[PDB]
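Asker: Construct the complete structure from the given sequences, taking the supplied hints into account.
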Amino acid sequence: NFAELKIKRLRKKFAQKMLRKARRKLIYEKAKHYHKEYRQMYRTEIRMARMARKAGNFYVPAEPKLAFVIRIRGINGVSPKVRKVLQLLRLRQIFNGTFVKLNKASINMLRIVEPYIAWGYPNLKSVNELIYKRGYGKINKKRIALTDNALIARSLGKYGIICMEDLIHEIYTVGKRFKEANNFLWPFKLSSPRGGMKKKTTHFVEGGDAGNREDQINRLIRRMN
Amino acid sequence: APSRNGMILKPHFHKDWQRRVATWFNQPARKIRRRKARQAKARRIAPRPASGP
Amino acid sequence: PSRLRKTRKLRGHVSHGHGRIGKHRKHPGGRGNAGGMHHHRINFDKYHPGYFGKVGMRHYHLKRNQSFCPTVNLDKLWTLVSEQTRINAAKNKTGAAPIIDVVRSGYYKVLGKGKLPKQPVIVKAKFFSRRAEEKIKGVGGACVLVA
Amino acid sequence: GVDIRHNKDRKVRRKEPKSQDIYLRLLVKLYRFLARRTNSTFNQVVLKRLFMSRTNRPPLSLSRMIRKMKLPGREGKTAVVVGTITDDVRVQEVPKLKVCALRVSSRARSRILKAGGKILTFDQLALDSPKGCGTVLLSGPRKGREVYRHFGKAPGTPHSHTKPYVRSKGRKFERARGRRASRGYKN
Amino acid sequence: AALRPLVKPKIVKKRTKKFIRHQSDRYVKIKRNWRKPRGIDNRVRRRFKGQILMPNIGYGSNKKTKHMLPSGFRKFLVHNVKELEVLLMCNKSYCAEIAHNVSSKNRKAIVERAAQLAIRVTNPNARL
Amino acid sequence: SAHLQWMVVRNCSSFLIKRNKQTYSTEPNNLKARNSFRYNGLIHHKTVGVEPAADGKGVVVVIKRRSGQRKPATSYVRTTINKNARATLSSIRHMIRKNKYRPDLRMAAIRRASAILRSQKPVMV
RNA sequence: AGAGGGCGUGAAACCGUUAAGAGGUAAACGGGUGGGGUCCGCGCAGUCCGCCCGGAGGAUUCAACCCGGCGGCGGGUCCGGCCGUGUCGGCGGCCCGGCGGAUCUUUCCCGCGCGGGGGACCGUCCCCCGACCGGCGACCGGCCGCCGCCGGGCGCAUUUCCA
RNA sequence: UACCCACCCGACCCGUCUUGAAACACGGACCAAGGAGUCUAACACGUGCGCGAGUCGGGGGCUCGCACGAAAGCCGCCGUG
RNA sequence: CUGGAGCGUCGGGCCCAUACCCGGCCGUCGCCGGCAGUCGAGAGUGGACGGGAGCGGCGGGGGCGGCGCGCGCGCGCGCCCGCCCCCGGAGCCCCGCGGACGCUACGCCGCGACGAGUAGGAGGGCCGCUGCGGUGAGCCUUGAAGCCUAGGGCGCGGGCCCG
Ligand SMILES: [Mg+2]
Ligand SMILES: [Mg+2]
Ligand SMILES: [Mg+2]
Ligand SMILES: [Mg+2]
Ligand SMILES: [Mg+2]
Ligand SMILES: [Mg+2]
Ligand SMILES: [Mg+2]
Ligand SMILES: [Mg+2]
Ligand SMILES: [Mg+2]
Ligand SMILES: [Mg+2]
Ligand SMILES: [Mg+2]
Ligand SMILES: [Mg+2]
Ligand SMILES: [Mg+2]
Ligand SMILES: [Mg+2]
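Protein chains in written order, with the entry's author numbering: chain F, 26 to 250; chain L, 2 to 54; chain a, 2 to 148; chain Q, 2 to 188; chain e, 2 to 129; chain r, 2 to 126.
Quick caveat, the hints were computed from the structure, so don't treat them as lab data.
Hints may contain errors.
Pairwise CB distance ranges, derived in the manner of DEER restraints [as the list claims (entries may be wrong)]:
1. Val15/a / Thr227/F: 32 to 40 Å
2. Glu84/a / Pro104/r: 52 to 60 Å
3. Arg46/e / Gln241/F: 46 to 54 Å
4. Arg150/Q / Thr72/a: 17 to 25 Å
5. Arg219/F / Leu4/e: 28 to 36 Å
6. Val15/a / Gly220/F: 16 to 24 Å
From the three backbone atoms N, C-alpha and C, an ideal C-beta is built for every residue, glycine too.
Answerer: Rendered as structure tokens:
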């Protein structure tokens, strides 16, 4: 009894030091595409512009699929058709931001709220800094901090998403489960832009802060993480 | 001024209920005033059906 | 009691659950059921339809004793009489059928609602329904009149 | 600067019974006990009724508990009612039942037991079947109360036929401006 | 060197000052006592600037250190001897206050019972 | 039953006492004057009490019998303990536990007894 | 009599003077400090207490152990008895068990078809004993196991008290 | 924390009617004391408890000099409604 | 104020709200919340019990892996056979044999989340006044109510408590 049990429960114990090793290993080698793709995607865009330029000839890189949108103005003196979109983008509060999947429907939702937001096609280190530093998840409908990744796996393990790095394909590459990756992900509440805006009111294009800033949103994100 | 579903009510207090209200704090002392008759009458007519004819 | 009222919670509370724009003035509408045609109309017409007007025919001096006539449904005769008078019979083998004076239990009329148990009966009553007739007949047993 | 309506974030469900009757509060206590624990939904629902009001746990009639236990499959189960069982004077072949109720009117008591049935209470049930295994939840008709006929659209609106409240019905007592089409109109 | 507490935490008080009523200063017919001002125009109540502050909730006190005397022992209003033996176990978290209207003879009786069984009393040395 | 009496005696009780944000219970044998289920004297059917001995020295340990209650006189039995602190507690400990008699009070009974003892010795300088 | 003949108490506005501090933007107010006072905690070291332990001093009887007694607790054999739940048997209370029923007999009795009474029936509630089972806080008796107190034994590398 | 004083920043007098009051709108010298949503009937919904195809309540009766009592108890009343 | 402190177009740098971030603390809502005495952290069962046998195993995917493996099954001991034994004791991070200090079962505890307000509602008021039934071996000529206090405090505060 005792020493038929003693063993029986120690097994379970070790059958775990299998398992929580095995997974730990899995994550680590997943993280290893997540280098290799993550590099190969860079070079293979340069690769090709380099290829084009050799002929008398010419890229147009893939249109961006991902554009995290920062709301930049507050919440009073706000039209309706706007305020509804801004709470479909979950940008309720002033000057938080979400990872939005560009898309004829979504792009054209941003036209209509343009004067209040600031979006751009963000870059890896942007996604990283954000998911890492300011990425809490929605678990039982709660802003809960992503400290161990038994919290990600716990919501998203049914999409082959098991760790903080597996989230981060599904957040460039869009992937199949952009939707559900970017909806345990709870809108990222970003501090005031350190060193300050240019002009909250106007299009970037005319010196302001609003709507599209291609690429240049990554200056903006450094200042607000 | 009615508001949203009741009855009509013709309570009849337009006259002067106030003056002519009888309250009944006799009721129990009356009960007893009575008792003493039922009682007395019987002891007076000794052998005779107390209730009456 | 006084203690458990809103008026306690309305002190320091100036207008007193009653509005300081339009105050609590004495009798804005009128007094009681007043303005039924005019201007309180929308209640009376939408909430008490058929108030304003005559109808029908007078019966003047009227006395209910003249037209006293309670009702019972077949549904529950097999109550009126002590349930043992049913358990006796349903059995017994002679076709007894107990008698039920719907009179004696207090009803000037018997009516055909409900099932009736398959059980022959003699119902003595006053003003029988048709259906009450048919059901009792169709079960077995009879319908005797009383004055 | 968050831009939610705060209008009906607070939900309005009852989360203790409003009564002070120690026995309800005890068998309520008994299943805060069970309903937290056991997987069975049953005792959540029973909990959620011990909880509710008189007016909103209407009484079951015996007759209706017959035709809810007559049905195919339901033999051998326990009828369960968070409320009261009452008689039906207009029923007679009472089958042998197993019931739970908070109360059972004393005449229904004798009728059930005469048939060689059993009656349980909201503790004995918890020992019989804590998970609610082999049971039947029933309630009385909540759209029963004579009140419920007064409810709806209104009397006087088009072909929506709803009791008006009238001090005493009769010939002269609402039959005019709005019911005979001869006398103004009708609805 | 009296009766130390079980635990002496840092007592913090978000505001240490009283909550006077608007214009309790000008008029003598007004007690300092809060009465919440329901003036249509009144500047206090529309939380206006550099005016008297309004007593609101979230500007109330830490659950642990609530209600707690500077030394540590929250009061009991001890009122005769028998009521003192109530604290015999809860001696070290909270203390006795001897009621105003106890007579100097039993004001003594209670005190030396307290010290016997080590319960602090905040007014031990009072009537005499 | 116990659980029932409680609900009568929760509020409304003559040995209950609530001023000044505490609540408390002056009944005979609860240990630590609490308003409670566990630490209440009467409600229940097995009860430990600890209180000072009438002589000035020692501790009496009151144990409810449960042979036959609704019998207040005899329902409910005492014993003196004049020993030397350590054995005094070891006695209470051995009386409650290893007698499986409400092994909840267990410690409270000790803490009481310990607190009783300190109330009876050279009081102060 | 700081209860003096409009006298218990004896507020505020208000005024009476004593003390302190201030004082050209009327006072008065909110936030923040600073100085000073009246008082209040202390300290003529506040070094705060509580365990356990080690060491060195000093002092009573023990604790560990049994044995006599007393009192609990728990265990069961349900052993024996008493208790009550569900079942069965007794048709045994049934008339020595009642009350309810428009159940039934005026085969009965009394009084005038009716009333009262008696007799039959069903539903209910009691005895006998026998069997099963929940054997239930409802005990009570023995046997046990453990605890506590009291009294014996144990004189001291023990077990306490004190510094 | 409170008294005086000192400073720095803030700062219009409340109440009220009012689209808008510090109002060059009205009430308001100061203080004490008094002072304004009450009772009843009738509805209605909501809820609490009793019993449940019933359930009641009186008004009557039977039981008190009441100390408590002008109470409580009980009535084929109990259903004449 | 004047190659300016004027006006165009522009840089850096800095300053500041009750705005955002992080933290602190006090509200409320929700969590089908946990917590009325129990194992267990992307939990991916557990247990009889048999017959047979043992170093077997379950000799499956650059999957990068998720469900099976390298802290043990069997083993150290008693000596190829037995065992693999009892918590009134494993010595305990799991403990299912019994359970907080904590469990006023309308108590307490963790999460998150959120708390501009006239009229009005609603809730909560060991907020306040006077009356009675209970109850507090309440208090009181060893001094009650009121009253008075630049006497210590507590609540967010109604007020409350203390000199
Ligand atoms: Mg604006
Ligand atoms: Mg007469
Ligand atoms: Mg208001
Ligand atoms: Mg007004
Ligand atoms: Mg108007
Ligand atoms: Mg005097
Ligand atoms: Mg006098
Ligand atoms: Mg005088
Ligand atoms: Mg003066
Ligand atoms: Mg001077
Ligand atoms: Mg006007
Ligand atoms: Mg003007
Ligand atoms: Mg005017
Ligand atoms: Mg608010």
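Asker: Confirm or reject each hint.
Answerer: Here is what the structure says about each hint:
1. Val15/a / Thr227/F: 32 to 40 Å: violated (48 Å)
2. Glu84/a / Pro104/r: 52 to 60 Å: holds (58 Å)
3. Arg46/e / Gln241/F: 46 to 54 Å: holds (48 Å)
4. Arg150/Q / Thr72/a: 17 to 25 Å: holds (21 Å)
5. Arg219/F / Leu4/e: 28 to 36 Å: The hint (28 to 36 Å, Cβ to Cβ) is violated, given that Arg219/F and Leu4/e are roughly 53 Å apart.
6. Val15/a / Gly220/F: 16 to 24 Å: Violated, at about 52 Å.
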